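Sharing a structure with you now.
All protein chains but one are shown in place.
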Amino acid sequence: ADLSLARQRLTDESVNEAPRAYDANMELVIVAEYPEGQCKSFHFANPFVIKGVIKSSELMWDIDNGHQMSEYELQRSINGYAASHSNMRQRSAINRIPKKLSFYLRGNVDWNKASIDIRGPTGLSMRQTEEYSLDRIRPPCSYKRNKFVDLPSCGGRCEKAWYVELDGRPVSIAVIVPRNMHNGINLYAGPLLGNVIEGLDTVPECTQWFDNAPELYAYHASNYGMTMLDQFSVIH
Amino acid sequence: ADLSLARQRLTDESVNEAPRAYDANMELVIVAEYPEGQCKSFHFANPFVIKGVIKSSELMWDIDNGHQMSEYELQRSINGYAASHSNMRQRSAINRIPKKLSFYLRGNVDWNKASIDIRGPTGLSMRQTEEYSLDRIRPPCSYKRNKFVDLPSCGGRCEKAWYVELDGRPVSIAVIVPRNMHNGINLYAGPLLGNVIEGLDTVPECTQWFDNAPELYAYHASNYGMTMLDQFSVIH
Partner (left out) sequence: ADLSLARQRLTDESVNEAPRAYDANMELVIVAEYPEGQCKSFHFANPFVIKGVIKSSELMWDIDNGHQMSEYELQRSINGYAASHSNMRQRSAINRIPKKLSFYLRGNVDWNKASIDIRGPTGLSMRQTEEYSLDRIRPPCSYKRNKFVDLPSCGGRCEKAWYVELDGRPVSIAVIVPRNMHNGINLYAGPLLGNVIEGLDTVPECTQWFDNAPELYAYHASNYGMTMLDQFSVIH
């Protein structure tokens, strides 16, 4: 047996299987695409539960003539969608609302229980008439299961995505991504629990802005190894 | 029996009782009111533990001639209250410090254990002489219990509030709101624990700015069904 090829094989497998390890992160990238094709990406990671929580103000395209707009200004625009005649806008804000959201998940994910909840502009459960009395988490619809779309992970057998088209109204996002424990062991049971609790919510988030999707593909997706799908069903 | 009225009754009860469900959110709205009557509201929600954590810089009225001030500028002003002669201010910043804070809680709350802790300008336990050695959470005074004021929830039997007048010094806030488990069942016990842990800290926050209290009543309180009390003891 050729040991140079054996070494290559071991190297490949070490990279492919690493996400299955204890304390190895699951990965979440959310991409918002806007009408002129610009993109905003949000990255979250954790080994046990990813909690991808995005305010409606964070999901707006927030660049105006080269400067970043404030939460105050953005929330002012969002308000008129949440409550009738609560701001002074004479036209809509659709230029800054995403057309499409893409959710890229990679790693040792419990695909039965991963939930993606698209919520209202002030964070309440989405419905025709949002109200505090009827506000909850993890609605039945949020569990996508076999509605996830499989994508190449280049040997990892571990990337899927979900896509949604928005309808011209601001939204907020709550994504909960639990670790696969279908090997029959409860990591929250016994003395290990404290070690798991210590690891929750310990990875820095990262938000990036791109003027077009090819910049996203070139400087995020292919830089780090998250495969993305474009509007022509071609992978990058 | 009139079935149109029976249907109305069932509908009423479905709305009134929904917050008692597993995975139904408890709701927290904090309102800061400033000397010229403007208001800032902060909304938090969770089914298991609400953690309402606000920095002193976030609690300042932060609008200056139509633009939002930066954390850098706000913290600079706060500093002179925390440490003598640590900024260059020749006058106080009382114009931007809240006069009053109102805490509105709605849902299946453990009223015995809900805690509201008003902390110092850099997040330490409040005392005459703040110091790292004497910094802790959940002081005895923070549990309000029967000092909560009952307010109408329009059939829910589940809203209370707490009020405090400030004394011209910046503060920070830590509110911990645990779920009522007085039905005798520990949701943290057994296999359910992981499901509870997954649900913690998964709801987007929302901050709003209003120029006067009637805007708050019209476009937040009555829009979503949180009853608020004004300075004339009239509900909205």
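Each chain carries a letter (A and B) given by its place in the written order, and its residues are counted from 1.
One rule holds in what follows: contacts are C-beta pairs under 8 Å (C-beta built on N, C-alpha and C of every residue); 3 or more make two chains touch, one makes a residue touch a chain.
Decide which residue listed in B:79, B:180, B:207 or B:222 touches the omitted chain of the complex.
If we include the chain that is not displayed, B:79 is the one touching it.
Among B:26, B:28 or B:173, which residue is in touch with the absent chain?
B:173
So which of A:94, A:166 or A:203 would be touching the chain we can't see?
A:203
Write down which of A:94, A:118 or A:193 is the residue touching the left-out chain.
Considering the complete complex, A:193 is the one touching the chain left out.
Quickly run down the residues of subunit A that touch the omitted chain.
15-16, 18-19, 21, 23-25, 27, 43, 45-47, 62-63, 67-68, 106, 156, 191, 193-194, 197-199, 201-209, 215, 218-220, 223-226
Applying the definition given at the start, please give the residues of subunit B touching the unseen chain.
Spelled out for subunit B, the touching residues are 49, 51, 53-56, 70-73, 75-76, 79, 82-83, 86, 119, 122-124, 130-138, 172-174, 176, 178, 186-188, 193, 197, 200-201.
Just so we're on the same page, only the chains that are shown with their structure count from here on.
Can you check how far apart subunit A and subunit B are, centre to centre, with Cα atoms defining each centre and the answer in Å?
28
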